[PDB]
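Participant: Chain by chain, the residues run as shown.
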Amino acid sequence: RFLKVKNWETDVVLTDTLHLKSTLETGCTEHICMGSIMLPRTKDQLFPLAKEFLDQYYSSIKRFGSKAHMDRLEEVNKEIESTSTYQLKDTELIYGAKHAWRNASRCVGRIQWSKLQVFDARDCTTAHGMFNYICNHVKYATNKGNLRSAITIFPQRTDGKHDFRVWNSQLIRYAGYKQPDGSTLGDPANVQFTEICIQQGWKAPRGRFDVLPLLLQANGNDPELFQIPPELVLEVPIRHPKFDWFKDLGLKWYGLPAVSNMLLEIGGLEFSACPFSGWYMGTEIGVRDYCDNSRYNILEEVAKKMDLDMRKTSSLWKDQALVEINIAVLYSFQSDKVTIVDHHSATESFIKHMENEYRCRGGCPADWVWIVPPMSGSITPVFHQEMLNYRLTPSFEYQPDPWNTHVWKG
Amino acid sequence: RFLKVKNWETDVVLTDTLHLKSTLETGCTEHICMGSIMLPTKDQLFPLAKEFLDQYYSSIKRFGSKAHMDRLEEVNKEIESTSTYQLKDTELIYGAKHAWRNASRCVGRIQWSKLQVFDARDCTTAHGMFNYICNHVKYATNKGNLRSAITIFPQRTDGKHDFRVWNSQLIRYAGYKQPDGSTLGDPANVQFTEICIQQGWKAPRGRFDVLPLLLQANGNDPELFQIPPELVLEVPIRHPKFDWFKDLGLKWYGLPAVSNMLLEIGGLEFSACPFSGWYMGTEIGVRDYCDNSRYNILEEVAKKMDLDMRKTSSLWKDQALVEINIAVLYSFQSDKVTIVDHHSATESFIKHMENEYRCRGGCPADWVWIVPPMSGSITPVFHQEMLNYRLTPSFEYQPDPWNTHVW
Ligand code: HEM
Ligand code: HEM
Ligand SMILES: Cc1cc(N)nc(-c2ccc(CNCCc3cccc(F)c3)cc2)c1
Ligand SMILES: Cc1cc(N)nc(-c2ccc(CNCCc3cccc(F)c3)cc2)c1
Ligand SMILES: C[C@H](O)[C@H](O)[C@H]1CNc2nc(N)[nH]c(=O)c2N1
Ligand SMILES: C[C@H](O)[C@H](O)[C@H]1CNc2nc(N)[nH]c(=O)c2N1
Ligand SMILES: [Zn+2]
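One line per chain: the protein sequences are A and B, in this order. FYI, the numbering for the first sequence is 299 to 338, 349 to 718, going by full-length UniProt numbering. FYI, the numbering for the second sequence is 299 to 338, 350 to 716, going by full-length UniProt numbering.
Covered stretches of chain B, going by a simulated chain A footprint (3 or more residues, C-beta under 8 Å): (1) 303 to 309; (2) 327 to 333; (3) 628 to 636.
If you're looking for bench data, these hints aren't it; they were derived computationally from the structure. The beta carbon of each residue, even a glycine, is placed where N, CA and C say it ideally should be.
The following block holds chain A by itself, in its conformation from the complex:
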């Protein structure tokens, strides 16, 4: 089967065949679309998953059907039979992590997918060991502001009772503190996690931008607290190129976006701790982190200081302040030589990437709802681009927050 997608700005039509390789389900049916819903192993099932992956790996290196390919299938089959699991070769792990990124339909940054530094941490055994690996990742990826994409991969799941987990949602994130008066100091997104850290013994500074400690679980054991060395945490004070009062808002953000709570699936194996990092698209900070009502919520204060007419929404004071904040974020990162991409550049690159994938790969699964930036949607080319969303493996998946599932040793 062939499915076509059209771009309504350019009339370019693309043809998707890659969707034929999807196995996992979307949530939709012929009767309902769940496109805007945020969240819609015995040996038995494992060998087919391993075989499908190894077939893809061997095809990619142009060795499909070779003796090396056949011997590797045989080796994995026997390993599964006798140990109930198997270990990936370093080459397969690298290929697999790159492809999980390539396959991430919610990621606008995938033009970069083949440039990913993979740190193999499968020899790690303790939370202190994880801490060391994570510091090294942060220092490597940060590279004094010249950000480099990277992923660190801790040991895979065995019986599900010995999981490695980073309890942080991102490696670098700001604390949030609910006050007795119902207001929040710092990042309201992180209140629950901040409370857990405090309970575990963290001495909270109780400021507006306190970098959270790492809370690290090795081998199914109770998690342990570590402070990332402050000298490894690059931050950017936010100022505006024209508005000199902007700096006195006291805003800053960190340079390194590093997701630490997803699960990486390769060949049926599950890597429950696989922190990965890239660089920011400006709107992530300037639109969502700063301007969501449920986050730092700065629109009002910004608009006030700009002296916009705030008595009617139709003055578009919110839209005006939003643009100025996003200018400030890009200006500040660029002035400090910390890698960042604006939403125009990022989406234009994504379209070129998507066209290339259709041509070379037969498709590019993409989730329009997430790919379109949260401001200025239709002045970016992705708004006008039809997309097809489906699930390919290797993949990054959500997993339940570990405080909800962890069995405490005490």
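On the provided structure of chain A, position chain B with the ligands as indicated by the hints.
Facilitator: This is chain B with the ligands only, laid out in the frame that chain A set:
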């Protein structure tokens, strides 16, 4: 099978049961989501008629009544006899209002029960169509105090006698390809404009020429008619801060009136059903003015603003986009022509969704279309999960008539 939608800004969860009544297909499967794709005999008719009258009689608290059964029987008798049936006025009004209620791509549905229905089923000629349409335009315009309206022409019979308005909207601007390869006016309308010229229209070849109506009655060849200029309310666009903005020479029309969709009620098909409301500002300011394939004015505006256009990261496009949208809203408000901003419209839609969940068990909504084309996440709908599904009565797309018409 009972489904939850969450709002991620407010944590409010709603449960949807209405989707279980859904009839048509979405385009998606369990393997692939097509959420972002724009266009994804006698035997069929009685089940369709029944499903509709059932919901109608239920709505008036007379389900299972003598009058309900009598009506089912009468329509059944009529389909058996004539292979079609005629809706009572009450059913037609109910059906039109519900097609709007069911339109998953419409953010303005809080208004759904306030719709003036003009029954034009007695219309026989294209001149009669013209008269009905001028009356609709004048009623809906109401000197700038806009009122939602639909005019319903005769239903499809054998399909070779269709009523069609050939225009995509009752009021739209012409587009002309230039000798030098550029486009004057609205590029969206080039093909239709050529059909008008081919049919005889004398075009002024300007940037904002209101198109003539091309009206097809009873499957006959369509005819040209010009809407009395005095019935076409237009708004010159100026900015409350930038005095040079008026020098751009921009205007738009006050009345958004879709004329190329098909209304389906109880299996009957109304191929000419022009309907109108009032604009949300972004429709004009973001899409009509700033789409690359539309008037595409961003560059000229940015230049007049003296912005640094050398780098995307200056956000000059974004800055200019906001200023255009400020001017659109200011100009309509200053001339007392009803308009809604995207903040107000989306706030209203959330309230409407809440009403619908509470009173009806759901509200089909297409997120990709409901979220405004600028400032997405600062509107509440961005954070609102929506379920998309197709209920009837409905408005549907239909093929452009020129590809289908036998001359
Ligand atoms: C190189 C620069 C990159 C940029 C600019 C970028 C951009 C983004 C953005 C803006 C999002 C949406 C985040 C949100 O709204 O919550 C995202 C999602 C994602 N990206 Fe990237 N990305 C980059 C690199 C990476 C890398 C290195 C990986 C993994 C190896 C990755 C995998 C993902 C995944 C899995 C998601 C989905 C996250 C979720 O569902 O919460 N991306 N990307
Ligand atoms: C009262 C003021 C109204 C507002 C502010 C409003 C708002 C909108 C907007 C912004 C769109 C999207 C248009 C686009 O992006 O191309 C839309 C779509 C639509 N609305 Fe409305 N609406 C209104 C009244 C109505 C009425 C009276 C009807 C029918 C009786 C209607 C039925 C529809 C339908 C069927 C669509 C989908 C059109 C398509 O798919 O091309 N709406 N609405
Ligand atoms: C590697 C990378 C680069 C970049 N620019 N951004 C990201 C990134 C940032 C934040 C997030 C978090 N996304 C929200 C997660 C979430 C939260 C609540 C419900 C959901 F379904 C999902 C994911 C990826 C990751
Ligand atoms: C009654 C009403 C009020 C209002 N504020 N806006 C509208 C409205 C405006 C424009 C349109 C046209 N929609 C785009 C049609 C289209 C064009 C090309 C491909 C597609 F899938 C769809 C529909 C409804 C209609
Ligand atoms: C309900 C809705 O799906 C939700 O708010 C989504 C919309 N699009 C998004 N897009 C991105 N990139 N990130 C997000 O968190 C969201 N949130
Ligand atoms: C491809 C994509 O579905 C398309 O550009 C859509 C996106 N959302 C939209 N939303 C509205 N309201 N109107 C539109 O025309 C579109 N176009
Ligand atoms: Zn879908």
